[PDB]
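Visitor: Please build the complex by placing chains B, C, D, E, F and G with the ligands on the supplied structure of chain A, with the hints as guidance.
Listed below, chain by chain, are the residues.
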Amino acid sequence: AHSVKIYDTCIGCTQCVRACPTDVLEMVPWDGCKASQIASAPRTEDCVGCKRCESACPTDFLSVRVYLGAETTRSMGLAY
Amino acid sequence: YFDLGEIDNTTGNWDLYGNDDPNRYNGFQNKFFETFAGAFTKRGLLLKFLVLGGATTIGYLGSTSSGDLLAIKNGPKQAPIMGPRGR
Amino acid sequence: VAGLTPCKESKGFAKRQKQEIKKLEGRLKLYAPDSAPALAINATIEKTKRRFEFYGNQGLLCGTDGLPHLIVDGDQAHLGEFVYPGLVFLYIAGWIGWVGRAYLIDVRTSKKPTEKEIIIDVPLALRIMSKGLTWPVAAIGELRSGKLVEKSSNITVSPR
Amino acid sequence: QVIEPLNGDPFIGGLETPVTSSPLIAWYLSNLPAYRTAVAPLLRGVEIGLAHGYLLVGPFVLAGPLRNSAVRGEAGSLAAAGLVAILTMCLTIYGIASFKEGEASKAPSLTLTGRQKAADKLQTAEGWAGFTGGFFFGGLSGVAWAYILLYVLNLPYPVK
Amino acid sequence: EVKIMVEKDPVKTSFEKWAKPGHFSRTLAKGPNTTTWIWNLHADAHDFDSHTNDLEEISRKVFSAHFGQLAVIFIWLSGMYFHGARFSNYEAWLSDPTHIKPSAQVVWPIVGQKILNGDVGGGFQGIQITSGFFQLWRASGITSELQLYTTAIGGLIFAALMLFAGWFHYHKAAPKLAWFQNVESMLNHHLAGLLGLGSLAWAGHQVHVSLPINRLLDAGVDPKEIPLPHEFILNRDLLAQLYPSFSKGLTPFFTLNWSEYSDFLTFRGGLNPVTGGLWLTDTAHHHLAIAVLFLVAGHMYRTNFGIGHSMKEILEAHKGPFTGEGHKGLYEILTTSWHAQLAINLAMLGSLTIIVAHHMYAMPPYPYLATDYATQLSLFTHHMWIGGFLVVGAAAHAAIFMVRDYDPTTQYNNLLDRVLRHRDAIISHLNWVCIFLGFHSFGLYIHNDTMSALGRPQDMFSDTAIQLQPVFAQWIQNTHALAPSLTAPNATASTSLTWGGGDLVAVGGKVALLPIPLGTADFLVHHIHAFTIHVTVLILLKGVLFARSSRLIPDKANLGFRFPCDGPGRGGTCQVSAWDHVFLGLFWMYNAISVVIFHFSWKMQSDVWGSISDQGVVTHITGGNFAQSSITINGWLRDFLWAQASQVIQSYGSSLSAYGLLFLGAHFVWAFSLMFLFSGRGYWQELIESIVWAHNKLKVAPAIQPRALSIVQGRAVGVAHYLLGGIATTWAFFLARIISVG
Amino acid sequence: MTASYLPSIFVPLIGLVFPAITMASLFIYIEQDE
Amino acid sequence: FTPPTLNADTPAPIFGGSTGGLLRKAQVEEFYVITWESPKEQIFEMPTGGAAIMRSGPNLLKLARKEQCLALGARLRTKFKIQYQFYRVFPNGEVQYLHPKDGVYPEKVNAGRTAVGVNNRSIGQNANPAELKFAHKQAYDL
Ligand code: CLA
Ligand code: CLA
Ligand code: CLA
Ligand SMILES: CC1=C(/C=C/C(C)=C\C=C\C(C)=C\C=C\C=C(C)/C=C/C=C(C)/C=C/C2=C(C)CCCC2(C)C)C(C)(C)CCC1
Ligand SMILES: CC1=C(C/C=C(\C)CCC[C@H](C)CCC[C@H](C)CCCC(C)C)C(=O)c2ccccc2C1=O
Ligand code: SF4
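From first to last, the protein sequence lines are chains A, B, C, D, E, F and G.
Residues in the first sequence are numbered consecutively from 1, following this note's numbering.
Residues in the second sequence are numbered consecutively from 1, following this note's numbering.
Residues in the third sequence are numbered consecutively from 1, following this note's numbering.
Residues in the fourth sequence are numbered consecutively from 1, following this note's numbering.
Residues in the fifth sequence are numbered consecutively from 1, following this note's numbering.
Residues in the sixth sequence are numbered consecutively from 1, following this note's numbering.
Residues in the seventh sequence are numbered consecutively from 1, following this note's numbering.
Derived from the structure by calculation, the hints contain no laboratory data.
In silico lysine-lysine, DSSO-like type, Cα no more than 30 Å apart, as pairs:
1. D:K117 / B:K31
2. B:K42 / B:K31
3. C:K112 / E:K12
4. E:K312 / E:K176
5. D:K106 / B:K42
6. G:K40 / E:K319
7. C:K116 / E:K30
8. G:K101 / G:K40
9. E:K697 / C:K147
10. E:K8 / E:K176
11. E:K20 / C:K111
12. E:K30 / A:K34
13. G:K25 / D:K106
14. C:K49 / E:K114
15. E:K114 / C:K47
16. B:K42 / D:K100
17. C:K112 / E:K697
18. C:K22 / C:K11
19. C:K29 / C:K18
20. C:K23 / C:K49
21. E:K176 / G:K79
22. G:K108 / A:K34
23. G:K101 / A:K34
24. B:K48 / D:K106
25. C:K18 / C:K8
26. E:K20 / C:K112
27. D:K121 / B:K42
28. C:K112 / E:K17
29. E:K510 / C:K29
30. E:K61 / E:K30
Here are the computed distance ranges between Cβ atoms for each label pair:
31. E:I691 / F:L26: 43 to 53 Å
32. G:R24 / F:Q32: 14 to 24 Å
33. B:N26 / D:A118: 14 to 24 Å
34. G:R24 / D:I25: 17 to 27 Å
Ideal placement from N, C-alpha and C gives every residue a C-beta, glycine not left out.
Extracted from the complex, chain A is given alone in its bound form:
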């Protein structure tokens, strides 16, 4: 549904994963930062699109980026 993209400006601060309320983001190993980890979005079909990860990203400009695309019953947040 929603497309969440991680860019190489990430410092591995992990707070995009901690702010995620639908378990989209996970921290995979990486070689481009001091923390040696970058975020990724394997369960991007579960993304509501709330951009809590973009609110918690301290990198200017943002490393996690959520693009609101086709919206399904996962990304609409319904219970009915």
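Guide: Just chains B, C, D, E, F and G with the ligands now, kept in the frame of chain A:
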């Protein structure tokens, strides 16, 4: 309350107000309604004659109406009101 | 000029002076002549008569409504309507703009530059509010020396 | 002690309140023509039509525009029968959209208890087909019988 | 266990904490970095729960803030008595009030504003006041302006005492947490000591001061020759000539011969025909009764003397089979959360202020209150707006209790837990009754507008068309008029004149009150009122119930109260917060209270307020057009919003021209609100970025970065200008129209 | 007016029948699963 | 990492019933089951609205959305020291285990998971939309 043997009973698929009574009428009342409402069954057929029959029945009494039945077919019954500037 | 009679010879402007005192004279009829609210209306009438004798003596132009109209084109007769108090204004408004600009330069080279804007340093402020008196000689002086404007390589620019 | 969860399950969005699972209310709601799961859906659709057909003559003969004439029986009954024919087409296009020809039944097969019942045939393409014709014949006869008992026989009532 | 717990010198009285602005919050103590720091400085200024987690220091902050509020109200009362003493015509109005308008504000003759000092009468120029202070001082027995000056300087003394107590109960001896948690003692000393002894003391004033002075004012005696209030206490024969029951001298009180006090303690009812205001023998019997009843009710709870009630024992014994473990933990709610008590107290104070508004137009308590129509309209309108604001704030602090003080571990299977457990049912059935009320009131208005537009007056809901007579109200008004004969014997007359007992009271040639009719128009507008109150309840109760979580956002309590949104996800989560429900309920309070005061103004300008000529003929201000024009929106726009606005727009060049200026400036503030309400932060942030670029070009960049207002702040600014502009529009239109035709 | 009865025909069809034709055919069309 | 199997014999927390629970999306589309092991009998805030007494052993809770499982799960990870996992249950009977996928929570890094949805460039090196007209690819997915 999760079972893995009955998936409908653990998810809310309940007939909350349903009944399993097979019949409560008699054969004389049942044969009258299916005979009369037998040409009204098919959705594609019923949508055809309701649109075509509904367009005719509003154009009939729209046109055969009288002055007392509807005021738009009565017309004016007094002198017209002249506007300002002689118009 | 522009089809407007002068207000000293305008019959409509003298009509508005007549019907303004008459409104205030009828307000005076229900008070005692030595009472305190009657002294306020008597001071209002003398304020009105001072106003109408000031508007006619400045060469104001009155239309068909009996009202003084301002000519802002830059006429040699009409300098005090727009040009003279505009140059008085822009001197005062440039004084506000020069002492607020010079305060920000004086607090940008400080230890905590953001605490000097919520808490304005009055000895730093009052020593340049006096310096805003001669500001056209200091604004064009900074314009000619290049200190008024900042080069675009050191200015935060949003991307295309 | 009085309020229970819905069939003992607290995580289904409902409660077993007295307005829901009374001895009198759950007897009532289980005999209403919409919740008979084994009756053929044309027969129980005639009762859903007779009811709604009858009741709708009332607000159309006592409140409509032609309520102050001698044609108030004829104007309001055909207005009541007009709402039957519109809602029949609303019932027609609902069954076309919701149910496809040859599909299963979108109905809960399980009852309040754990016993397995047959699927409700009303939520099908052919079950809602016979339900729509049951509402059309029942609704047009429910309007006409309420018109007969009010403006043909003219039974005495306080308001008519 | 109830006793005084204080401790000495918690914080030192120093100005070093005045210099640092954001000392209360950890985020604002670092100093400013953006311009949003200034707005969070004011937003978190009074929010004492966000400062510290210790409820003791929070309660001390709230107690000294109460004392500062009391100081501000005493400064305000000092000003209004000093304005009566020096800048008013209160002695001139008190000589004859049927011809001289109440005025207590003189403006300075500077810029043409001296025309606002209008001819109010009595040889005086000033702003005609509508606050009702003149009738209040006439009911208090105030005869001279020296008494007003003495009350002003006494109020200044009490304002200094409240400032000293606010300093004392935060810096010298501040109470501890268990002192504030003695709610039984606080209720015992508020019911008996505050509302009981206050009613008893005002009853003593209304026996000795208000009653004989106001009896002499009904006799046409000049107030300069009326004896002073202490002369009735000293010379009791002077008090006995007006009431012979004073000749017995306190012996019927202790011998239970209270009927011998029937000369000055009566259950008359109705209005004084001399003045148009309630009797003070009834207002003194009223205060003596609510004092002998609030002092009884103040001996109910258990402090430390054995007798009484623990209210936890009252609550925990109140449990039912439809609830189970209900009312348990609510004592722990209402003694550990300031916001829950604030919600209950604000709901009662707002609803009580609405009670005050109705029980003052209908039973006017002050002499010449009813016949001064400006005072009646302004007092009703002011108390409706205060009451609506306080009930919206009640729902606000209810929601703040949910998001910041509701502990789910202490609340299992009680009333609050079960109300949260079926909040979908509450909000959905409230939604149904709101939509049903909206059609069955406003669509009835639309139907009347349509058939009046289509030339069908018989197809409407009129008193001549299809009638919708309020038979319950028309029966309860007959039940309240035909009461004295059988259900309430000992009454001389009836409770109010608006019930149907006759008594066309004419004071100064102007109608005080008469029987208020209730017809189809009143039915329609009362269903509008019920609809608007229900919808305001719907947004506000939805914000209270969905403050913790929702089906949309299950972690909404972690986001807080003043958060804007979660984001553009789940379709968009804009205004999910409980604050945003308070924000929308403020608009629905505008709608509700504005239609309430519009129905009030038109209903009594059409059916109550007017004049009485010879041979008993009553000519109202807008004669009889409420029954036929207030059933359509075109009548409301035409015979109310256009016909009665023909004195707010042509008031220019007169004393009421400031009402025209504030009418237009109130339209300005309203259209200014629509800038903040309809727009959003990011547009203004990029526009400010362009302005910051222009500042960078000329080296006038501030170090405090210019930022757009926050989304919560932009909505707050928009609703503040919407309420301020619309309320000031109605204030200007009301206070120009009813002053002009009054 | 030449023919007064075509007001009595076309205003009921284009005002009542044609929205009932168009909205019912669209609601079938917008809820086709295809 | 072997995913845990849903036992379907552990019981529910003591809850009086809520109206915020499973609607018809549970019956036809999906519903979410969260399973966790408890130290003792506690009281927790229900993410559908309300409070329930959680059991002294393993607990099973049926939820409608994936966000309700994290809102509950982060509540009993910070207030309580309880490890949790949840599932996705479909009406045909298939239980899809969802979190944590490797057995360790996604805040902590694991060597088994791979980078997906990761761009080696930044935002400023994304291509303009004018040079990607009429293509399935967009400015960020390449
Ligand atoms: C019989 C004693 C008594 C009485 C008269 C009151 C009266 C009052 N209380 Mg108090 N209170 C008492 C004892 C009493 N209290 C007890 C025992 C407790 C402890 C459990 C509390 C704790 C409490 C708190 C925590 C607060 C109050 C507040 C209030 C005020 C109500 C708000 C208001 O605007 O009212 C109308 C206000 C007035 C009429 C002003 C009157 C002020 C004068 C100086 C009297 C007050 C002094 C003292 C209480 C009684 C002295 C009597 C004196 C006249 C002889 C009012 C001053 C509230 C307030 O505003 O805080 C300041 C507040 O929330 N009370
Ligand atoms: C008994 C009265 C009472 C109590 C104790 C409080 C107490 C509180 N309120 Mg409030 N509340 C109440 C009633 C009250 N309120 C009412 C009347 C409303 C409806 C408007 C609400 C709605 C409510 C909400 C919506 C929220 C609170 C919150 C706050 C908290 C701090 C706000 C702050 O720092 O002030 C800030 C003060 C200002 C910004 C001053 C602005 C004043 C108004 C808005 C504009 C000016 C009006 C003025 C008359 C017009 C003059 C114009 C002229 C100058 C040109 C605090 C707990 C906030 C909070 O976080 O609570 C924890 C918040 O989010 N309140
Ligand atoms: C251009 C649009 C259109 C037209 C032609 C009409 C026409 C009519 N309206 Mg209606 N209306 C419409 C739009 C329309 N409406 C909309 C948009 C609104 C919503 C705001 C309303 C709201 C409204 C209400 C609330 C009511 C009317 C009523 C009326 C009737 C007034 C004349 C009379 O006295 O008959 C008196 C009545 C009769 C002669 C009864 C005739 C009923 C016939 C026989 C129905 C027959 C079946 C029908 C044709 C099936 C339709 C199929 C489908 C294809 C359209 C008339 C039938 C009144 C009425 O009586 O409704 C029937 C009434 O109560 N209107
Ligand atoms: C000074 C100045 C200026 C001016 C200004 C202007 C421009 C104006 C605007 C304004 C407007 C254009 C409007 C406004 C309006 C106002 C208002 C509106 C206000 C209000 C206030 C208040 C305070 C209120 C009160 C109230 C209340 C609160 C409630 C009830 C009612 C009332 C009213 C009483 C300028 C800038 C030039 C320059 C600088 C300075
Ligand atoms: C206009 C507007 C702004 C911009 C508002 C701003 C920047 C507030 C301006 C406040 C004053 C005018 C600036 C600060 C003034 C200083 C005290 C300096 C004094 C200068 C003169 C006022 C004397 C928003 O941020 C916004 C956010 C969300 C929705 C709508 C809107 C919105 O409509
Ligand atoms: S929050 Fe931003 S910087 Fe931190 S790990 Fe996530 S993407 Fe990287």
